[PDB]
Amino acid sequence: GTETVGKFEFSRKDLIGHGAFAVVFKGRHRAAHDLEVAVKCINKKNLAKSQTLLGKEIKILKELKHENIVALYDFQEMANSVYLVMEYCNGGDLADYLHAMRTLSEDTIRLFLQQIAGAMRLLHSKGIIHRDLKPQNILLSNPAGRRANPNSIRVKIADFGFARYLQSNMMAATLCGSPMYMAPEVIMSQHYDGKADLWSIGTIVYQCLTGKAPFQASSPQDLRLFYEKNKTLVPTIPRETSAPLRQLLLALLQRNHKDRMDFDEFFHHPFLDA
């Protein structure tokens, strides 16, 4: 029936989410039932890798407290089980929101990107790269429910199981992330750095604007080959897109990470102001 983790409880009937490496249930605080949580647990179908990823996510999330990072309230790590008690975001993920809305207005995109940028400032200052940014890993919190403004929505980054520290004079080479949101250097099995995350942000923004990822293929292999053959990548951006947002997209969606927008440029882009 009811299972308990510290001061929190959940039942496995309340399944929120399922992946290869985690299973997520809705739960609540045992003493304040109105305080909702999401409890992330091992997926026993991939026991070893799931246990490893959840352990790593605990390590990273312990260091990252921010309004736009889904919060770790508590956790419980044992030899044969791992639980993470997470902030509950009632609005679901950005991918589903985009399906419902079809596209977002530039004003909404600005509101969401300002918030993503604030969380990315904290990762950058800590020397952490996320490596799995995609709309499914952006959660929305809508505390005001049906009576909420656009400004009311809070956006929060989730899933730090693939994140790592990267020393400023080093490069990463681990192949991870989701093919359609992976920087070209990542999917081509090359060395990469924090600018890979900036490509993924660019793809997320493009998808908000158009409803589609910017470069599509019938398979990851085919996407790799496409990136390998095309030295210049220009996403197809709708003609009515404002010039500042267009400039931002083109700077983020640079094939070559040397040419790509860097963090200081992203953080201070005028689109994020007005």
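Only the largest set of C-alpha atoms that superpose within 1.5 Å between the two forms is called the rigid core. Residue numbers count along the first chain shown, from 1. What changes on going to the form deposited in another entry:
- Comparing the two forms between these two forms on the rigid core, the single residue of 188, 95, 170, 144 with a CA shift of 2 Å or greater is 144.
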Second form
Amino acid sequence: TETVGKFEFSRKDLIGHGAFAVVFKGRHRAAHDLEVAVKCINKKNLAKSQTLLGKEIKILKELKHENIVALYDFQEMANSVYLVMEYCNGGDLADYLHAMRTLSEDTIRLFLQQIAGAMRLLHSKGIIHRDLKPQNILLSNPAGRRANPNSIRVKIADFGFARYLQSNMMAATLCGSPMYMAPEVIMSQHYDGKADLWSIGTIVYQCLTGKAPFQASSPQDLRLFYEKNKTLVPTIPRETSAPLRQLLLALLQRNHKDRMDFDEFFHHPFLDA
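Other form of same protein, the form deposited in another entry, not the form deposited in one PDB entry:
Next up is only this chain, free of partner chains and other molecules.
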């Protein structure tokens, strides 16, 4: 049994194993019914794991929001780093959208309204996430067993690649997940917060179809694909409502100049609200 502050955990219940973090379920030492997820270093990738978990602490200690997985406490030392996080009891969006055989437009609206709320906070704080994908959107239902799925709340996780970006500057670090990366990122160009909006477009597209909007055999294929094709148009099911289709096309603009910006996203009628 390992302890971090007022919390405890063990390697008994593995929530997830990643290259740069291992996550175990734990609990409050006094209030046992308070569940937590504890992120720990992956010692097989010690340096990078330590770096990413440290970065995540720096960003999350500044981000309190329902739709961002909460950081309850943390413990950073020279040779170990732990994050004690809110436990999300619904698994991830990658699994859910697949189990449901894609999601209804009403459910997509419900989830996207929540993601938009979290993104409003990120944008106001000058923070870009850079690894948005359905695997990093977690579900949690505050109600009891067998509760209505309309009560599902979604929360953005895994801020290890996040950074502050000053509003007159651009970022250029290649990071993220290739299938969800904006074209300008995977082409090693400069980018800003609109890269996250592309990623959000890909999340919405996957919720609708089950698949990524642009299929290439590989990341190099995907990159060559963006380089060779100046106008990208994703295959969207014909029965999709016109406003959801328009939102998707606006977010999935190849050229970031033409891509939907934050104000346009926040106030898009599909999200009304």
